[PDB]
Structures are given as C-alpha cells and as structure tokens.
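Quick heads-up: it's one chain on its own, the form solved without ligand 4NP, in structure tokens.
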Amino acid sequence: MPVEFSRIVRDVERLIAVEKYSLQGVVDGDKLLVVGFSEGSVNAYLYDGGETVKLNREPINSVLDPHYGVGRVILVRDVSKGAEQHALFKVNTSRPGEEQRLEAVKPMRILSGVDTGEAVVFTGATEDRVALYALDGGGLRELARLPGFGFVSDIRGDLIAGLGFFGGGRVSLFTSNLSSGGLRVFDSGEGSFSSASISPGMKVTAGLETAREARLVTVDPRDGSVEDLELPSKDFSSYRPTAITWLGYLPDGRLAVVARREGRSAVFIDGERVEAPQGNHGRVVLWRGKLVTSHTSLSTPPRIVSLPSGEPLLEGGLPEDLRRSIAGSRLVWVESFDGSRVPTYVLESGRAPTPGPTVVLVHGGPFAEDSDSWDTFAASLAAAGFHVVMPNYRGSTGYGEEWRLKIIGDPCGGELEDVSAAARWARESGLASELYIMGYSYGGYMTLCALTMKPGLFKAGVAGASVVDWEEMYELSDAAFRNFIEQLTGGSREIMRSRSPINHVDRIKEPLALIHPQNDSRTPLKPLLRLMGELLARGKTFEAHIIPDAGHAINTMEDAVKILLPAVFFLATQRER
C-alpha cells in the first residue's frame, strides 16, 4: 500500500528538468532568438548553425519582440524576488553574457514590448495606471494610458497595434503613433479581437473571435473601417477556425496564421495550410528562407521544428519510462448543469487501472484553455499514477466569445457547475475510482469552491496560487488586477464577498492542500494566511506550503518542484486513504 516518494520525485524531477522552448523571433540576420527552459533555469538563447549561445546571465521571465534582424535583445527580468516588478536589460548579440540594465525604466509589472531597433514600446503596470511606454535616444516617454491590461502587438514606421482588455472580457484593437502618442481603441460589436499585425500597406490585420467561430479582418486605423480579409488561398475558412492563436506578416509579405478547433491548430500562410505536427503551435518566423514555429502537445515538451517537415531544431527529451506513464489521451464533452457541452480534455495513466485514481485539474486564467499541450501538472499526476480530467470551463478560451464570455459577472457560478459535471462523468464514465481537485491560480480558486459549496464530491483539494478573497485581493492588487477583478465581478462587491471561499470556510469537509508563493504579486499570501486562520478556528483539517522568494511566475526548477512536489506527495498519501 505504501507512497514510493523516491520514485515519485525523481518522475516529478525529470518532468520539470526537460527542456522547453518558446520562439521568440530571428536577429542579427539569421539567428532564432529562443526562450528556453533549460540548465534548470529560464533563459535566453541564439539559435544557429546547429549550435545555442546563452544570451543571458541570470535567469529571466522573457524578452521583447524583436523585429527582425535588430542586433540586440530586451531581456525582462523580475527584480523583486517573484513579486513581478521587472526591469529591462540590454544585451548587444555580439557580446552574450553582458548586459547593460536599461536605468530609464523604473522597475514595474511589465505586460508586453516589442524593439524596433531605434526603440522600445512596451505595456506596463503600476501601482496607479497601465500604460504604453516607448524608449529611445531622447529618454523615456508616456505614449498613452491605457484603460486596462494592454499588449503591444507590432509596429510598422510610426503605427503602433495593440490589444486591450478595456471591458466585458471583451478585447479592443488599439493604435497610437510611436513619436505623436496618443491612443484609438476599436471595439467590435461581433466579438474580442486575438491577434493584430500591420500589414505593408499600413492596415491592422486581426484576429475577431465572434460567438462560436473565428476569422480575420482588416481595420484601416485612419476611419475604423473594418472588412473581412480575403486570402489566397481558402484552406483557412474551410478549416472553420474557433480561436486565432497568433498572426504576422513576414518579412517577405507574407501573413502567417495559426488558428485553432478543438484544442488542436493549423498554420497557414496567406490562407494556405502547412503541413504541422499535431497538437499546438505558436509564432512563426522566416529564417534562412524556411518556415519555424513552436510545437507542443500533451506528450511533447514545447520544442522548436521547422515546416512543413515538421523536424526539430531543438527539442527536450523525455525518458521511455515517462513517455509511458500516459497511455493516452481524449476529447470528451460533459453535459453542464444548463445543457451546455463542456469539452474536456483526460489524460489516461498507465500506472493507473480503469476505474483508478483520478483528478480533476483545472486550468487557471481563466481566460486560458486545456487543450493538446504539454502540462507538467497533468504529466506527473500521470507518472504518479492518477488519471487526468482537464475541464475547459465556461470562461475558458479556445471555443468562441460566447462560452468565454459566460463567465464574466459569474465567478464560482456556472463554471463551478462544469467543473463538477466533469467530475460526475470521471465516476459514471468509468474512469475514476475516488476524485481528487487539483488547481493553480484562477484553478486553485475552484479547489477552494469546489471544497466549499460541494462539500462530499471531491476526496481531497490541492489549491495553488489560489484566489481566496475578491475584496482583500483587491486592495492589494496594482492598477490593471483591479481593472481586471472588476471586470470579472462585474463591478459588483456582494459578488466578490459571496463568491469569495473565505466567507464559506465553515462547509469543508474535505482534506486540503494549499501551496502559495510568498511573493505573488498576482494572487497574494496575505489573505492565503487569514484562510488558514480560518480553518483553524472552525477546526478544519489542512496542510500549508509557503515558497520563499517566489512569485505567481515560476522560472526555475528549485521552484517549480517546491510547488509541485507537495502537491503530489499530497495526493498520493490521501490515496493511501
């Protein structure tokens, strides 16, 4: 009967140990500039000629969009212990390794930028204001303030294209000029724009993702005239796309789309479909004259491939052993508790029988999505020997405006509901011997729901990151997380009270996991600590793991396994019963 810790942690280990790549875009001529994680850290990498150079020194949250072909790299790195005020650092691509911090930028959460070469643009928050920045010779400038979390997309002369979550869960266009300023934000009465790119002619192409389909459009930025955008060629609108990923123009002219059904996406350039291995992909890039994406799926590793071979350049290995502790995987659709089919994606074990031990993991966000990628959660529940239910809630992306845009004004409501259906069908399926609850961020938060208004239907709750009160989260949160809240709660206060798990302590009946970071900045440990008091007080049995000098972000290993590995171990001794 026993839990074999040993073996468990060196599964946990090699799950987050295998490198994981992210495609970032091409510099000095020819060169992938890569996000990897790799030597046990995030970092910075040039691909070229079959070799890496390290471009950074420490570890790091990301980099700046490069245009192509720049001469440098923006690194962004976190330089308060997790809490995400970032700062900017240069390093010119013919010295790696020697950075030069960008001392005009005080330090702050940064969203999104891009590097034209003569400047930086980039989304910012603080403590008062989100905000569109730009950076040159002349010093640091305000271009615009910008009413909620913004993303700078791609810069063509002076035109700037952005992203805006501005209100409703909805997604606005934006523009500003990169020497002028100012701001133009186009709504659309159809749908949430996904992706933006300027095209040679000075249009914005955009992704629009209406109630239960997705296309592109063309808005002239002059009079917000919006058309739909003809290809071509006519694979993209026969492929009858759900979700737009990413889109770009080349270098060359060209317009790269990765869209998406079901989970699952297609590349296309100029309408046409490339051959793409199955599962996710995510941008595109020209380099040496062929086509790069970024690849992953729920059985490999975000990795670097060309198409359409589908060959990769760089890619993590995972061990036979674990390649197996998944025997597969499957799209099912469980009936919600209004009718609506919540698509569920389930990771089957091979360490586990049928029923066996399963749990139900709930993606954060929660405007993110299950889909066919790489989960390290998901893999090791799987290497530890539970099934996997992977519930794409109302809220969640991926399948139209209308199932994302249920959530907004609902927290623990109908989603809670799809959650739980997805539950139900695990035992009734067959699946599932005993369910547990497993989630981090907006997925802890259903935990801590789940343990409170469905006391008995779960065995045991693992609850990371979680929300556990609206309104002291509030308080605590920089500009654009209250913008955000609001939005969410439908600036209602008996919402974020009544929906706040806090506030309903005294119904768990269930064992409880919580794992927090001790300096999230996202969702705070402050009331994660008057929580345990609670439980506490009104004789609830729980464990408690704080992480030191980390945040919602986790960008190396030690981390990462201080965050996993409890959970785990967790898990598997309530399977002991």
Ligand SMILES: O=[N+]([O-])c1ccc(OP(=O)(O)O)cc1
Contents of the next structure:
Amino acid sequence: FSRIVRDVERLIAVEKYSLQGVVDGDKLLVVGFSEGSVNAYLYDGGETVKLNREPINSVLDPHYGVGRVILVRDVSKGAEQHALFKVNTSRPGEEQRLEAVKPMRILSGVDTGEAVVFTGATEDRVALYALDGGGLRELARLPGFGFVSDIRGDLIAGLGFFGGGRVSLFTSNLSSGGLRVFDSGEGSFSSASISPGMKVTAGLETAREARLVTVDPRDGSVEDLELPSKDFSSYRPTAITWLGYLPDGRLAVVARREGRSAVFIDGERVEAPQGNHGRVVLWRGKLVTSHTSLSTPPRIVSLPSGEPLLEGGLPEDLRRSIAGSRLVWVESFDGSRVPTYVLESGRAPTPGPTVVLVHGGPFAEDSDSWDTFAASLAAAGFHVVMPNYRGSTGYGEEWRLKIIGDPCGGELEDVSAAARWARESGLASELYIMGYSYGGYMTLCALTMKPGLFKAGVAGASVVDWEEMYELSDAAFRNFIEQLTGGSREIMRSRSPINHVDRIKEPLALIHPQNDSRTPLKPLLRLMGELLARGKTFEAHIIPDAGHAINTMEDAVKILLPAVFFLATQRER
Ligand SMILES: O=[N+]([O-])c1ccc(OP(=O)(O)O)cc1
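What does the same protein look like in the form deposited with ligand 4NP bound, given that the last one was the form solved without ligand 4NP?
Complete assembly follows, chain above in first position.
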C-alpha cells in the first residue's frame, strides 16, 4: 500500500547530522546523511560545504582547528575494508588516499594535524597505529576492539573491550609506542580525555552509578575527580556518553541515566534539549553539541538555547504518527526489571498491532534517541516496544555483563517478557519480533526457542551460527565472539538458531546485506537451505553491493521497505 512508501522513504530521507570537532581554523566538522548518502561538511553559519567526493563512512577525530580532514571510506562494497583519505580544508573536494595504510576495518582514530592515530583490524590483529611524516608505525597490538579516545602530546588514551565484556583503559606513546592497560575492579571505563596535567580523566561505570575518576598513567592510581561546580556530582548518572576538555580548559561531560542525558561544563549543568547529546565543542566562544530524541533526528544545536545550527526538520504528518512514548519497566523472568521504551502509533488502535523491535549490539541500548525503524513502524500502523534486555548499555555494569557467556539465554527471556508485557498491559492485539544484527539474532532465537510467542518475525543482518561466523571473522570479531560465548563450543553450537530450525512455526523474512563482514551471508544461505528442506515458510531479501553499515538512502530503503511490507502483510492475517 503505497501510502506506506511515501512516509517510510520520507523518514529515511530526513537529513541527519553528527558532530566531529572544530577544524580549518574555526569551522565545525560534521557528518550528515544528506543527498542520499553519508558525507562530511564544514559549517560556518550559512551554507554547508561538502568535503569529500563519493560517499564515506566517517571521519577521524580532528584536533581543534587542524587544516585537514581524514575521511574513512569503505573500498570493498560494504565488506568494510576501509581506506583513509586526506582532504585539505581550503581545497574542498580533493582527496589524497593515504596509501601507507592498506585497507582494513578502521575502528577509530584521531588527527593531531601532524600525526594520524587510529585503530584498525585485519584477519590477524587489532592494532593501534600512527601515521606521521615518517610513515606508518604500529604502536601496539591489542587484545580486541580498542578505540582511541584522545591525544595530548605523546600521550594516547583509548578504550578497549579486551576481556569478559569489561572495558579497560589503555595508554600509549605517539613517538615510542607501547601499551599500558588499566582495569577497574569496580567496572568499565566509558570515556576518556587527557587533562592538561597529563592524567587521564575517565568515566567509570560500576554496578550502580557512573563516576568521574582521574587515572595517573605514570602508575595506575585512580581517584574521584573533584569538579569546580557540585551540580554534576549530585545527579547520580548511570553512564557517561562522552567527556572532554575544551580549548579553554573547562571539562565538558555528557552524562546519562534512564535513556536521557545532561551536559555539564566543569560540573555546572548547561541547559540542553531533552533527549541525548553527542560531544560538546567550543565554537566562537559558544557551546555546540548534537541533539537527538525519539521524535528528533540527529541535529546540531547551540547550548543553552537549543537553537539548531544544522537540522533535517521532521515533517508535521510523520511527526504526528508517534502518538506518544513511555519508558516502562517490564517485569522479567528472574524478577529483573527491563527498562523498555514504547511508542504508541497514532495510526493503530489500542490494543492493536505491536512490534517488539530488538536493538542490536548487544552493548547498545534503546534510549530517547531517534530510531528510523521504530518511527517508520509507527508510520505503518504498529505500536513499538524496545526492551533494554540484559546485555544492554545505559543501566550499570552489572546489567550489561549479565549476558556474557549466556547468549540466547537471559536476554531472550527479557525480550519475551516485553512481549508478555505488551499483551497483558492492553497495548497489544497481536505481536511481531523484528531486529537487525543481534536484534535479528534475537528474532531467530525467539522464533526457534519460543515458537508461539510472536505471529511472525523480521531478522535483518542476523547472527546465524557462532561457529561458522567465527571462522569467517577478523581479529576484532573473533575475539568479541570469544567474549560473548565464553569461548565454549557447547554454547556456540547450542545457542545458534541454525541448529533448532525444526522448531520454527512462524513466517520468517530474512533481510541480509550481501557483503556484510560483521554477520556474513554464508551462514544465512545455509539457514535458507534448512528452512526449505524442513518445509518452513519464509521470504528473503539479499541486498546488492552492501555490508553491515547502511550509508545510502537506497540501501536503507532496500532494507526497511521489505520489512514493513512483510509486517503489513501479516497484519491482514
Ligand atoms: O560476531 N559477533 O559476535 C557479532 C557480530 C555482529 C554483531 O552485531 P552488531 O552488534 O550490530 O555489530 C554482534 C556480534
């Protein structure tokens, strides 16, 4: 029913912005989705300025005012074999490939103006690199996913998922390399930034709260940072999205709890629109950050006014399809409380058609943040339930690590409960499961382990077999999988939908990017083979020249359109 396409394509098309830093003297560096693809722009108060030629994937963090931007573009048609390109800001649209770096999964990076420090992954290692005038140097080989946080002088700070789901903090030297890894018996570090005193300020997420610590690298000492203003310290945040020093020394922090964040400057809370904020930068004296919300696509506003600098306005009608939204606390199987964001659709009755949309990750969370899938779903006439199952971020360390070694176990029990809640609360008249990635893994775990729960399910870029996916993984994922599963082949086998297909009883729609190197297509072709033989009902959509990263309005459409079509079809019985 085309009345569906009109809105879904519109929600997809709305320009989306993310903030990166201040470059070229004093212009904001931003990444926005606009024109039908992901590009990098300079903004200076008026018209925006495209920096790259063809679509990119992202930009490396630039120090304040540097005169160049390092683009990160996939040169593998989706497989995510990134190549790094340099662009001088005075000469927009001219790129010089950094041929010193061979294509790899570029995980993160910063550009000091003189040196380029990033972390990449290959079939054999995740490493911390540095590319300056003398060429490429590997500063350290890392255990698993590691991301660069900040560079001040020779001191490099980063975050690393080096074991058991915990995030550790590491330091290295830009000229002499090396690696130090600081662990915190109390939890995981969520952000880092180097202080003028050359100590590492970091967010620390413990079982309960999230606190500000100072970590002296010279040894490893940790102590609570004391801020000038006490506002911050009296809010008790659950997580710290990002923190960092502005040019003038003031400490900027973005803390969050229950799905919404606040921004503090030296401990003094600055007013910011409700929702969630990205990094904070000092621009011409003023404070800029990125704002988002279930009803507001990622935009860039001024603080404290909230006035928008760059923003893809969301239309009135489409804005009107989200009748409301709540944060609920679904009662799980073990007595656990699953924070769940719900979205009543203005186009469905109550009770009515509901979709338990499962977030990916698993270390992610459903928060007060723009979500294209849930929005279009509301648009198509379905209420949306988004449960922060155990393994989610944003609710403490204890809740986040409960998934380690237990995939397709407890979190799945939390997803089922969200359904149980949707039905018993009066919101649902019928139930569907839909998700991309770990979310799509969950659809597959729900349909197999728990037939009868949902009327049908949509699994996009889904996990299908830990064993095979493993042997097809680069150093970052293989390690990441070794962490989720605990490494036991009993878990990898027993917690793989591919092995319990006989149990399926509902209609399945498989959507998968042909070149996805995060969740490979190969196992999904075996699944389809299994579905066929067992005489199971299913439809599938494999997408051309695309990977896990959806960075063009055509791939987003090819991925969301089939989904909404599938569900609208099941809804009419
Ligand atoms: O291999 N893995 O363990 C694995 C691969 C892809 C995943 O999905 P993502 O979280 O959305 O990047 C999650 C886990």
